[PDB]
Amino acid sequence: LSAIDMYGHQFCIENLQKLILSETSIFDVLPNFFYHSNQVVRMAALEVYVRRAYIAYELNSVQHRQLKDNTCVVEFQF
Amino acid sequence: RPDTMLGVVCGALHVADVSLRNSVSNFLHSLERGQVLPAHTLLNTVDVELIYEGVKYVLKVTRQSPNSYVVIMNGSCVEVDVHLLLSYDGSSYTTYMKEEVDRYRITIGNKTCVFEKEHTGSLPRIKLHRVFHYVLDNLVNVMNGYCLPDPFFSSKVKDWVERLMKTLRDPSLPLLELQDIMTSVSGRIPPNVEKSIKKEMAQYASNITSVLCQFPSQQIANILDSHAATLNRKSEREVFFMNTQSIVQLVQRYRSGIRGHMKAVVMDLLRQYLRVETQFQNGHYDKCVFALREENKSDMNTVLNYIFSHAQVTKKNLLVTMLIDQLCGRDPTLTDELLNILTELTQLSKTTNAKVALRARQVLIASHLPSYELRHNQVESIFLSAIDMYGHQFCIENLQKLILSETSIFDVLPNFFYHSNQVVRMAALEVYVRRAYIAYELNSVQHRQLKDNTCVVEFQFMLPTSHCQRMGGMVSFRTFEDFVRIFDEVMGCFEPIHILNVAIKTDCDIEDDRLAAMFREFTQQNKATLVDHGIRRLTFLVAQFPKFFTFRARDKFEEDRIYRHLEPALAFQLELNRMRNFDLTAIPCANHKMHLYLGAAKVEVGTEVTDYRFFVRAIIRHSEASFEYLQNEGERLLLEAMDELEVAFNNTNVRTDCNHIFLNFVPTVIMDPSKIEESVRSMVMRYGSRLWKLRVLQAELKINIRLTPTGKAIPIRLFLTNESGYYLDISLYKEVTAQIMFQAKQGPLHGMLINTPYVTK
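So the protein lines, in turn, are chains E and B. Going letter by letter, the first sequence gives residues 1105 to 1182 in the authors' numbering. Going letter by letter, the second sequence gives residues 625 to 707, 714 to 748, 832 to 839, 848 to 1188, 1230 to 1256, 1284 to 1333, 1352 to 1430, 1436 to 1549, 1554 to 1560, 1564 to 1580 in the authors' numbering.
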């Protein structure tokens, strides 16, 4: 929460590298917030989960959509 | 041979220096002869006007500090110092002066230059240890009351004071002064005491920036104390004497900290000012000068610096307020010795010494309760904490504590409806809505949410007879530019029946003219707003009381002047229709609470206006204590207001006679009516001649008060009545129901309703 911009950028790629080269497993609490009330923590947490899923394959594009109001969407492309 | 501008310099300050000292010697004539000369004759300012080659040189010269003389070109300031020794830009020079009846003849060594006496420019002719000592001493010579060369002071001291206070908090001071002093008395030295001092200055230096760093005062003193203990019998101790003193007064300042100084130096300096100008005031200038004269009849020079000082009291006096003010920047738990001086300070009894007293009280209360940006941090807590932060978002009971807040909260709350958490965003923002249009009835409000960068609120209400239904829009924004590029969605998602107020940031600045003029010219450049089915109203709200920018025109003139800095739904309650038989011009003014209008009696085409009254209309909500506080704030407002009304005279003059004061007290005190009547008596009585110069004859207040036995707030429109003469009538009524009704004694013009337009002669 400290790291995240919480502007539209939400550019924590270096912190994302701490997430992806974490000795510590972060599937524990991360789920507790990727459904928090906070559009930013939603977006960030959810796509990092994607990335942590498909670390094996090559991801060439991922865009979040945000529809009607109550749905948070991430896009995969690989 | 010489350089012209040097010529002007050495001219101006040679004639000056001679004249200034002579003026002193003229005083010494008068003082041996027991003559009470007017202060002015001591002649700081020396006005030399010297035309070389057609261009006149226009000058004044004011001695600024015992070393320092200031040459003033058309209100410029260049500072040199003397003893004949001259100090200039480059170096030290030698000048000789021949003066004539009407020519000014300067010889600079073997060289002569001659000027006849028969524009706009300034000269650029221009570490913490000396910046400190130097600047402090210069200001205390300034501020013992010498006088002042130009306007720049009210700025100059402000910068100066921050360098002092700031370099005085900086705990590298004792280091910089104990380095520099113990280096400059490095010899004559006993190494026990030298290895002690040099070690411990060095690890004050190493241990500075520690959380727990205090000066080792007791330690240095004790070492000195023990080997003074064994040098005591000796009586070969005058080297030791001048090191044990040079060390003991430096260490003596530093036991109680940087606020060892903030107490000591400023408190003393305060009593310096205090004592001087308190002995100064006991009756009137002449008689007081004879009592001053006679307490020290033989000499008058210390007194003359005193007399010289109270000529420019307000300079001293304002800056005294500055000093206390930033002291109160760090007061909140001060001390007995100080509060003692403060109760001494309240007794001060003269028109000139009128700020310090109000300062004494304002300090003593704001001491009891913070009301500035630090408590803006406290409100950060109250507001954000008070929010519920869910789809509930219910804080209606808290909204009534906002609406029954002793503290006025239209000030800081606007600063928060653009924070960064969308639910609390929503909550805080709608509470702002509710607090804007609480006057009319709101029957529907939907939060909107657009694209990503705009938060929109909707209003839904109707007209209670102001002049059927309408909606509204609020938007929270970061810069005006974005506002004009995010233009297209605000009217994108919008008889115009919409109210539109837009919140912007960027904290408007010096260019008020081009500022709002630009804003208005946003409307006239793009009437595109008009093309989108028209907008009833456009208020731009710029945050910091946020400065409002009222643009009323569905089909009207671009920009509204009576209500600038104000929102007209809540503003209407200043019953401003009670002067429709008048022509009033909104003048922008400090104390912006206080909107003062100059009134010309509105008449029909058949006739030309007969009345020309100054109106000053305020609004009151500045946060037993409250009632007295109310009075004190009123007094402060009165002095600023009379500054403003002075500007009003200068700007436009019509020589008003029966000036009006309109006061809307929005707090809710608990008090009795007749001690209120004595208190206001004491106020109005306390101020005498000043009232008669402006010849203010009419004052109106209202004030909601309550009584905690009922805990029930009633309004009491008190109207004040005073005519020619200092004879004063207080009119108290009651407000009775449906159009409210003044009902009492017997008072002339007893019983009428409230929206009574003002009688025109």
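Keep in mind that a hint or two might mislead.
Just some of the chain B residues that point at chain E, by a computed CB distance under 8 Å [what the hints assert, rightly or not]: (1) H1140; (2) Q1143; (3) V1145; (4) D1173.
Cross-link-like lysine to any residue pairs, in silico, SDA-like; alpha carbons within 20 Å at most [said to hold, decoys possible]: (5) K1172/B with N1142/E; (6) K1172/E with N1174/B; (7) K1036/B with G699/B; (8) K1172/B with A1157/E; (9) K920/B with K955/B; (10) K877/B with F853/B; (11) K1172/B with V1246/B; (12) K1505/B with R1493/B; (13) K1172/B with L1105/E; (14) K1172/B with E1162/E; (15) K680/B with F745/B; (16) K1172/B with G1112/E; (17) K1172/E with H1168/B; (18) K680/B with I839/B; (19) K1172/E with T1175/B; (20) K747/B with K920/B; (21) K1172/E with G1112/B; (22) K1354/B with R1387/B; (23) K1036/B with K1008/B; (24) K747/B with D946/B; (25) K1172/B with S1129/E; (26) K1294/B with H1322/B; (27) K887/B with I979/B; (28) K1172/E with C1176/B; (29) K728/B with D946/B; (30) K1546/B with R1502/B; (31) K1008/B with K1071/B; (32) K1363/B with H1322/B; (33) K877/B with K747/B; (34) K1172/E with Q1143/B; (35) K984/B with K1071/B; (36) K1172/B with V1178/E; (37) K1514/B with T1464/B.
Sample of chain E residues with no beta-carbon within 10 Å of chain B, all distances over it, derived [claimed, not checked]: (38) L1120; (39) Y1153; (40) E1162.
In short, the hints are calculated from the structure, not lab data. From the three backbone atoms N, C-alpha and C, an ideal C-beta is built for every residue, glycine too.
Do the hints match the structure? See the list:
no., hint, in the structure
1, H1140, "violated (11 Å)"
2, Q1143, "holds (7 Å)"
3, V1145, "violated (10 Å)"
4, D1173, "holds (6 Å)"
5, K1172/B with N1142/E, "holds (17 Å)"
6, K1172/E with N1174/B, "holds (17 Å)"
7, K1036/B with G699/B, "holds (17 Å)"
8, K1172/B with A1157/E, "violated (31 Å)"
9, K920/B with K955/B, "violated (27 Å)"
10, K877/B with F853/B, "holds (15 Å)"
11, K1172/B with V1246/B, "holds (15 Å)"
12, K1505/B with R1493/B, "holds (19 Å)"
13, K1172/B with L1105/E, "violated (23 Å)"
14, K1172/B with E1162/E, "violated (32 Å)"
15, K680/B with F745/B, "holds (11 Å)"
16, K1172/B with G1112/E, "holds (12 Å)"
17, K1172/E with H1168/B, "holds (16 Å)"
18, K680/B with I839/B, "violated (25 Å)"
19, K1172/E with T1175/B, "holds (17 Å)"
20, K747/B with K920/B, "violated (64 Å)"
21, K1172/E with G1112/B, "holds (18 Å)"
22, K1354/B with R1387/B, "violated (26 Å)"
23, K1036/B with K1008/B, "violated (24 Å)"
24, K747/B with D946/B, "violated (67 Å)"
25, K1172/B with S1129/E, "violated (36 Å)"
26, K1294/B with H1322/B, "violated (27 Å)"
27, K887/B with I979/B, "holds (10 Å)"
28, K1172/E with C1176/B, "holds (17 Å)"
29, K728/B with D946/B, "violated (60 Å)"
30, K1546/B with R1502/B, "violated (31 Å)"
31, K1008/B with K1071/B, "holds (15 Å)"
32, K1363/B with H1322/B, "holds (15 Å)"
33, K877/B with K747/B, "violated (33 Å)"
34, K1172/E with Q1143/B, "holds (17 Å)"
35, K984/B with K1071/B, "violated (26 Å)"
36, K1172/B with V1178/E, "holds (18 Å)"
37, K1514/B with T1464/B, "violated (29 Å)"
38, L1120, "holds (21 Å)"
39, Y1153, "holds (22 Å)"
40, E1162, "holds (30 Å)"
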